[PDB]
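Just one chain follows, in the form deposited without the ligand, and it is written as structure tokens.
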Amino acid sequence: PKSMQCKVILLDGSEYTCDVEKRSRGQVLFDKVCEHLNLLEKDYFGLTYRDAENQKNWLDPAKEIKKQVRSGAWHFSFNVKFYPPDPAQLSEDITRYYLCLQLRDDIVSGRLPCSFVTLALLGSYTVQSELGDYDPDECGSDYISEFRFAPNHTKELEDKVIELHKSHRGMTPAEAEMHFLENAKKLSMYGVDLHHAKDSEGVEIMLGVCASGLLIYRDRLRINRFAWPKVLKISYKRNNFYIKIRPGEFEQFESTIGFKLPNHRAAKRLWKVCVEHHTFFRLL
């Protein structure tokens, strides 16, 4: 029974290696990674892989791995797929811990924009969880942490992390991680998956997929929002993605809204993540 070597980048930046039978479904690999991580609340998470042009796709746990990675290497990342709108309602601390690791990379990568003060507050809770109580011995007036906190580190930001870290004396790691999450969950781009597109007039927009629905960011005009319960059908055709905005009160007809994506694969990818979010965030 022939087995393929899998390499998975974990949210701590380390590499997990395992083997699965070459005809394995994505769930087989995901179960092995989640067991390695002691993760029970697995529904929020998934595996990604970089495609024949370094774009990230979700590995579908119900489909053969080989029919997804196709000609590419069996190399994956472990990631949050569905960002819980209220992380305090997760059953296990270790789930919150992995969500913190994902958010820390969302912040350093700049996918999750963050004010100076929130960068320093989030950083202060991470230091508290990892190192425990502030120690002056591990920090002179010239201290720079090993912790990556932000897309662009400054001495001012390092100083503000230390100032806030001093305020958290006696805080336990689960407690610090919950405070991290209480702040992060409020950020306007928390759990927003952004996709480049054009409106029906060729004007560049971003479409954001998240728990609360689909976001249109036209930038120069406004930000339109479609709560999932106002969305009846999602579809793609060629390079186009369409959303049927259910007819409101006393309106005769449903309404359909169309977008142009970079290529057909980018339309299919946006359709699949919307369908998955619609399903997941209907069951809350």
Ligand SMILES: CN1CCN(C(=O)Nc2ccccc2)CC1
Second form
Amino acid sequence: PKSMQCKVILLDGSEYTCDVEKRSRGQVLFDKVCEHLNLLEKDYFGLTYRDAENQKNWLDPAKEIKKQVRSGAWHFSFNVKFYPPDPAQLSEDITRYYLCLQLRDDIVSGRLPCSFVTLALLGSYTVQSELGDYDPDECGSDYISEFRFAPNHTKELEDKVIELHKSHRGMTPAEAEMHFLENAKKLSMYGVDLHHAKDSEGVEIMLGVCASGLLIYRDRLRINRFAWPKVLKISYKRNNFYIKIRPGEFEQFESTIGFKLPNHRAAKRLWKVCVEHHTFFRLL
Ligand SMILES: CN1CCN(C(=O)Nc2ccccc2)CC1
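Please supply the coordinates for the form deposited with the ligand bound, as a counterpart to the form deposited without the ligand shown previously.
Up next: the whole complex, starting with the chain shown before.
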């Protein structure tokens, strides 16, 4: 029985290596990574791989790994797939911990924009969780944390983390992680998967996929929002993505909104993430 070596980047930046039978479905590898991580609330998470175009794709747990990675390396990342709107409702602290790790990477990477003060506040909870109570012995007037808090670090930001860290004395890791999530969950781009697209007129937009629905970022004035219940049908064809917007009260007909994606693979990827978000966040 021939086995393929899999390498998984974990959310703490370390690497997990295992083997699976070469005809394995994604679920087999995902089950091994989750066991390694001691993670039971697995439904929020998944594995990503880079396709031949270097795009991030979700590994489909129901399909053979080899039919997804195709000609590429069996190299994956462990990621949050479905960002819970209310992390306080997750049953385990360790779930909230991985969610924190993911969001810290979302912030550092610039995928999750954040004000100065929220960067410092989120940083201060991470430091409280990881080092415990503020200690002046470690931090002089010139202190710079090993911790990555933001796309761009300034001394002002490091100083503000320390000032907020002072206020969290006696806070337990689970308690600091819950506070981290209470603040992070409110950010306008929390759990928004962004896709480059063009509207029916060829104007460049972004499409956001999240728990609530589909967001159209047309310009800074007017953001269109389609709550999942208002969406009956999601389709793709060639380079196009279509949504069928439920008829309003006393309207005779469904309406159709069409978007152009860079290529057919980009259209299919957006279609699958929408269908997956719609199925997941319906059961709420
Ligand atoms: C101030 N808002 C609060 C709600 N939330 C959304 O945008 N939700 C949404 C609603 C309908 C369709 C798509 C998304 C985050 C920021």
